Every structure is written in C-alpha cells, then in structure tokens.
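Only one chain is given next, in structure tokens, and it is the form deposited without this ligand.
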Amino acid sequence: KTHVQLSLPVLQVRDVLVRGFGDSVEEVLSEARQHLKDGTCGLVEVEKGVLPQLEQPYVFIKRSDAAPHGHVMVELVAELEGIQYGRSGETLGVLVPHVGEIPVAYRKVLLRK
C-alpha cells in the first residue's frame, strides 16, 4: 500500500528517552520510516522550546492533503541546521523512537509510504 493507517502515541518532550533517529538526514528518514512500519514511533507536538530539547536532524510529519476515516494524510520532511529535505503542509509534530513512554494522546494519520 502507498498509504498506511497509523495511530501514533503522542509523547511529552521531557519523557522522551531517545531524542532522534540518527545523525544524517537520510538516516533519520530511514529510521523514522522503519519505526513507523514496526509501531515503535512516537510524535512530539511542536511548541516553543520543544525542538531544542530534541536532536537534529529532525523528522516532521506534515499534512500532505485536506482525511480518510479521520486519519490525516501526512509525509516525512527532515530538517538539519534550518534546511528542510522535502516540501509539504503544516507540521503535525516531530517523530521520535518509542521505547514504552506513556502517551498523552494518539494522532490518527495516513502515512504516504
């Protein structure tokens, strides 16, 4: 399938134990996509002072369309030193590894894979 319905657990930034997916733009996109497939991926909602508490490069999910079965359609954009790799709509938040943190909420998404 080109798109896959996912329920992403929404983590508070100060609970996140692994604060990024790697060390290159290509690696963080790669790892982000792998964790999404394996259901080991969390979402940190972006607010003032969140991003400097996580590790670059960042992986964002961004709205790719205006929502089948309540799932917002999204695609991955990485950012390193203020340069984005990818072009999409509004940030739903930054992706992080999930290692059993307790979520505050779930974000229903349709991921372009």
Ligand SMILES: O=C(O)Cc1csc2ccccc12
Given for the second form:
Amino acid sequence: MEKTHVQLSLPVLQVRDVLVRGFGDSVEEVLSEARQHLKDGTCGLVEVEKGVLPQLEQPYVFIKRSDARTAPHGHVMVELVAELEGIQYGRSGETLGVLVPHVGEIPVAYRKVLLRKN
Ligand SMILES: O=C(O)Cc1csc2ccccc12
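Please give the corresponding structure for the form solved in complex with this ligand, as opposed to the form deposited without this ligand shown earlier.
First the chain shown before, then all remaining chains and molecules of the complex.
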C-alpha cells in the first residue's frame, strides 16, 4: 500500500514560468490537490526569494523540513504546510519552497525529498 514516506525528485521552476500559480481556493483543497499532483508526478517547486509569493496565488502550499538530523539516501525529509492570509496550517521546519502544479515548464534543477505523505 502507501508507505508513510516516498522518495521524489521535484522539478524546480522559475516563478515567471509558472502557468498555474496555485492548487485551489481553500487550505484543505490546496493540500489535497498538492498531494494528488505529487502522486501523479505533476508537481513543481519554486524556491522562495523576495518577490515570489506575491507572484503566486493563495492559499500557498509549502514543503518544510520535518527533521534536521538526517537526510536518508540523499533526500531531505519534508512535510506539507499551507498558508492563507498569514496563518499556517501545520508547524514544521525550514521552507524548501512553494509547491505548484507542473504543466510542462522547463525546470532549472531538481530537489530530492523524502515526503511524508500525510
Ligand atoms: O508512493 C506512492 O506511489 C504514492 C504517492 C507518491 S507522492 C504522494 C503524495 C500523497 C499521497 C501519495 C503519494
């Protein structure tokens, strides 16, 4: 069945290339859709710098580090946290980036993660 964590290599996208700038319209929807796109191989990652979040659509889905002691098989352990109007749904570690749908944009790198599914 579904293991608790899955190894994934996520394409890193530049913010100005992203065509679909979020996963939906509520905290529960964006987390659900993020998880579905991760399962389908159609999720990208944008690294957060000044100017990035105002160019994307709320609610946001972040991947954040879930454990800063080890990174098994060269993949950092992460979990999902959503944000709407400055309030976060989950508490976790440092942000690795914001997740968005991937619809064919050309990435600039890949980020290896070990994702906690739920
Ligand atoms: O391990 C799998 O084949 C399933 C899977 C890959 S990414 C993700 C995200 C949420 C729920 C399930 C999954």
